[PDB]
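Have a look below at one chain only, the form deposited in one PDB entry, in structure tokens format.
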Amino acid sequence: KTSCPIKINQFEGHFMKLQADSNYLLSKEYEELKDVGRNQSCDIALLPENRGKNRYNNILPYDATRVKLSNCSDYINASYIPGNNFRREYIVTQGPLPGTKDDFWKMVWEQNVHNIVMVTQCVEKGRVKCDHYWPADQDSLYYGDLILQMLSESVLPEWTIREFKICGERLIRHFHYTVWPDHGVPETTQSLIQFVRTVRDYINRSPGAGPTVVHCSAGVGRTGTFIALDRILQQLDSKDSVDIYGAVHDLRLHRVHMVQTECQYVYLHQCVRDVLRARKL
């Protein structure tokens, strides 16, 4: 039932218990989350006009929580997701297709988005996962009625940070994490922890912003794991308990498959374990 809050001083032992007997109890917990939100329809996403707008025909937003474009011309594959501190803290979306990248940027403009987090590569092992939907160098480009120009790019080993100016009628930061395999996990907990803390620092510096956009290719697994870690890290900094189950449960109420593999659910626990070890020390 919805929430499994663990005292910080009990977390190390809780996670051992979950891991005992080849993850027996961790598997049981993750399976329970499988049913959350499952009563909800995705009729709009299924409309024939919309077929070409979904990257995966079986990963679609719930009607109840989908993001609507101004006006079916209102459709984009994206969902609002609550966070630690407000109900539309994030918009999660699929990786834009060549034919929906104009819709993606229209959404970014309309929802006052200032920060976009991308956790897939464009092509992974030669499988296309996401269109390269921003400009390639400093040359400007139109996307629908908007013009976008890259102002800066900072390449680091595990992520790249870009800043764009957008003209419509704003500066947008793009955080591109380039070392997270689809259906898998990063090589270390430290890498994603550092990435999340970095993005949260920028979000905290973004007065006035609408939701933060987070996406991978389908916008469920890496996306959901990123959001869950962002929420649980804030819990750790402010609170005496941590509730990984409850975070993933709240995500699942809002979009299908959030935290898409059991290894990703394990990884959330390993990140929390690693942070608490460093702290209570």
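Under this definition, the rigid core comprises the largest set of C-alpha atoms superposing within 1.5 Å between the forms. Numbering follows the first chain given and starts at 1. What changes on going to the form deposited in another entry:
Just a single entry of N204, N85, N112, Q138 exceeds or equals a 2 Å CA shift between the two forms, which is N85 (rigid core superposed).
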Contents of the next structure:
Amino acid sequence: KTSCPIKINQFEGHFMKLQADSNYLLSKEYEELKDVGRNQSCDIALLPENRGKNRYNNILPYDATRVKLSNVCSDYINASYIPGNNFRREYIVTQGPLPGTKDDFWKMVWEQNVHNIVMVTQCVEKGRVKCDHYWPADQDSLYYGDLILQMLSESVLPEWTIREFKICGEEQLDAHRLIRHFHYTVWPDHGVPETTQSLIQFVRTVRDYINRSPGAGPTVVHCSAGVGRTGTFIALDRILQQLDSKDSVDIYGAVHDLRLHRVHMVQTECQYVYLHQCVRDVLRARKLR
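Next up, can you give the form deposited in another entry of this protein, since the form deposited in one PDB entry came first?
Shown next is a single chain and nothing more.
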């Protein structure tokens, strides 16, 4: 059971049914996803030489889908590829960079031809450090390892901040590159944004920037662990594309497919409900127009 597609003209009713009896059928469906992917090993991530490279020693990339850095255990970063419907490597999911792994993070962005980064955590959340401030504080260039980075703009909007960076690393396919960074600043850990409208607009906005680019590379998405908030963002991106393309939508299949590639993408039942509320809301709006 890989997939549960719902005809869009039947979604409103499907979701009502799932929501009946205090989410009885919603919870049953959600729990069917619990073990997807969990047959897979993270032996490289567990090597003692890699210990300090993991923010959370229990949140590790599967061997089968991990992102590898060029050799300098020098290859290791806590990050995982997510293939697309049409081609490999549509997303890279990663943890919030650590002070000691930020050079590795930027190496990865450089080597993987990444032009867009989506961050859906704050650096400190309820007194706990969740992510290093791994980008410059101002417009003065700085080295991260053998990569030079310079912030060209920082635009603080109501619910996200967009930064543009120029980066140069060890030359392969390119020698210098503009990167955009999308930092969504209103998503509580273990929770959901306060409205569907907010994250739907964020996803649409990011996908807009992606789609308009002559060549985007994999999009890097991270929160603190690269699990709950990253999983929910990516799922919504996929499901929104489904609604713009097809007459059915498959939230269960989207989450299923993410979990094949990194541990338990989408952390909570509430996050699963929120994806359904998003789809419900888009469809209601569209029906009237």
